[PDB]
Every structure is written in structure tokens, then in C-alpha cells.
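Undergrad: Residue-level listing of the chains:
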Amino acid sequence: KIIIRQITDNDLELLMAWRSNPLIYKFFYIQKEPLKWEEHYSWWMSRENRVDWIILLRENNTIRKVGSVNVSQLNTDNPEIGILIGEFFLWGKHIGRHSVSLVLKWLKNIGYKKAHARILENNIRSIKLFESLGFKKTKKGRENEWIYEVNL
Amino acid sequence: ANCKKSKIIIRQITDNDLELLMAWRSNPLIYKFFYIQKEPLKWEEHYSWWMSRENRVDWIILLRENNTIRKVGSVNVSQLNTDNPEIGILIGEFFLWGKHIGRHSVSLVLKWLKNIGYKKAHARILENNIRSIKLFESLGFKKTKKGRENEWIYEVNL
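If you read the sequences in order, they're chains Z and P.
Residue numbers for the first sequence follow the working numbering, beginning at 1 and rising by one.
Residue numbers for the second sequence follow the working numbering, beginning at 1001 and rising by one.
Take the hints with a grain of salt, since some may be wrong.
Once the Cα atoms are required to be at most 16 Å apart in a straight line, the calculated EDC-like pairs of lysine to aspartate or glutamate come out as [what the hints assert, rightly or not]:
#1 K136/Z / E80/Z
#2 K1114/P / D1083/P
#3 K36/Z / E1065/P
#4 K1120/P / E1086/P
#5 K1119/P / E1155/P
#6 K1042/P / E59/Z
Hint data in this document are derived by calculation from the structure and do not stem from the laboratory.
Construct all of the structure, not just a fragment, from the sequences and the given hints.
TA: Below, the structure is given as C-alpha cells:
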């Protein structure tokens, strides 16, 4: 079973360690190095019009932090959805999909009509994930980046 | 145990730290330095390690900066049932490397070992791990003996 809960201060280091793994930041726009704390903290301080959750996976009477899911641009009619699962061997097990659908349901219920994701051309798993939820490539983003959109 | 330099503190690990610890060890930039690891860890392997622990202590390394503390690595001693326990160290944040955090953390562990009556300690280090070699030699460790392939034991008298 999957549950998502809001991020706290305490999760900052775990979030950074996921984002500092090259196996993962190969999929983030222009990131070439692991994160520095001041950049990570500065991101944390400058958060506006967004919600960030930690993904919790329950199995065998254990509950663990497995990734993060977020929406930003909530001051628009088309908020942006981000999804990161930190455990590399959980990929392909629909944890990302289920987590995004939790945020999509929330978005729909609070009145948003659309939502989108920015994805790099090489990020095939993310593409499959969003397309399994009905998103479609509608627009080019920055270089080698594409915007996928859904109707809620 | 704590170590002003900003300040380094070490505190015992907890169930809650497990995912962060796995996240550091699953980074290829780190596991480059680990005997034969070629892949990120799986939770089942990581958690089976955790439920298997004996004759060891693991700490999280805390860095206090602007008077606010954060988790930056892990330091550990194992083989405590012998007269020559093994010390392991890992700094998870990458742009902290080369700032003596690992050195100070290890020396905190050496002081704790000494005070309860150990007289020796060692580290197992891969040949390619130049920062770790410098760390332990800065504390007086001496290359002593081959470990497994491309791996060396470095020992110190406490």
C-alpha cells in the first residue's frame, strides 16, 4: 500500500541524496553533478505555489520512504507534476504511477482542469508513466524537453 | 560524541535513517569505492543487513552549521568481538569531501574505542579510494596487509 504525506525539514537530506544520484539526475534538465546543500536548501526556502510529498511504501509490517511526488505552478490553471522514486529496483512496479494518480485526484477535486509534466526525451520510464495516465505530448519545453498534458 | 571545527556530532543510527543510508550507498559515485558493488542496493538486502547486525555500532554523522544540524554521512565499527575492530566511513554529501569531516568522525570513534579498552583498530580500503587512504593515514593508520583483491588493510594503535 502507498500513502503520500507532506515533506518536512527532516526529509531534506534524503531528498538531496536521491537527487544527487547520477542514475537519476541523468533525467533532470542540465543537472550534471550531485547537489550542494546551499542549492538544495535555497530550493527549499524558495518554494511557492507548490506541494511536495514523500511516498511511503508499506510492506511486511514495515513502512518506508521510497520517493517524492509534487505539484507546482498551483497559481496557474495548469499545475506541473513531478515524480521521483529513489529506489532504483522499484522502477517498473507502478509506484510512480499510483503516486501521481493520487495527486491528480487531489488536483481534480480542488478544481483544476488540466495538469502537465516536463520530461526529457531520454526519460522513457517517465514518458510511459504519464502516458499510462492519459497524458499526451503537446508542446516542446526547453532543449530535449517536452510538455505532456492531461485533462482532469 | 562531538567535534567542533561548525561542529561534527555522531549519534547512533535508527530505523528511520535506513532509507537515507541506503540512498548514499546506492550512489555509483560512492559505491565505486566498495568491494565488488556494481549496482544500487535493494531494500531487502539492505534491511536484511540491518536485522543481521552483530558486534558492530553504526552512527549517523551530523554537521552543525549556522547552528543548525543536518545528516551528512555514516561512521561505523564492526568486529567488536575481536581485539582489532574494523572502522567504516561514508560521507554522503559530495561537496563536503576533502573538508576533514570524515577524519574528525573517525577520530571520535577511535576515542570511544580507546576509552573502553581497545588497543588497535583497522580499516579495509580499495586501492582506488584515494580520499579514504588520505583520511586514515592522516590519523596514523599504516598499510599493513592485503585484504581481498585490490583491497588493503590499514591498522592503527590506539
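Undergrad: So if I understand the rule, the pair passes when the alpha-carbon distance is 16 Å or less; does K1120/P with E1086/P pass?
TA: holds (9 Å)
Undergrad: Verify the proposed pairing of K1114/P with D1083/P, using a straight-line Cα cut of 16 Å.
TA: holds (11 Å)
Undergrad: Is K1042/P within 16 Å of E59/Z, Cα to Cα?
TA: Since the Cα atoms of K1042/P and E59/Z sit roughly 14 Å apart, the hinted pair holds (cutoff 16 Å).
Undergrad: Run the distance test for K36/Z versus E1065/P: straight-line Cα separation, threshold 16 Å.
TA: The given pair, whose Cα atoms are some 14 Å apart, holds under the 16 Å limit.
Undergrad: Are the Cα atoms of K1119/P and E1155/P separated by 16 Å or less?
TA: Since the Cα atoms of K1119/P and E1155/P sit roughly 11 Å apart, the hinted pair holds (cutoff 16 Å).
Undergrad: Under the criterion that the straight-line Cα-Cα distance not exceed 16 Å, is the pair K136/Z, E80/Z satisfied?
TA: Holds, because 14 Å separates the two Cα atoms, which is no more than 16 Å.
In summary, the structure agrees with every hint in the numbered list given earlier.
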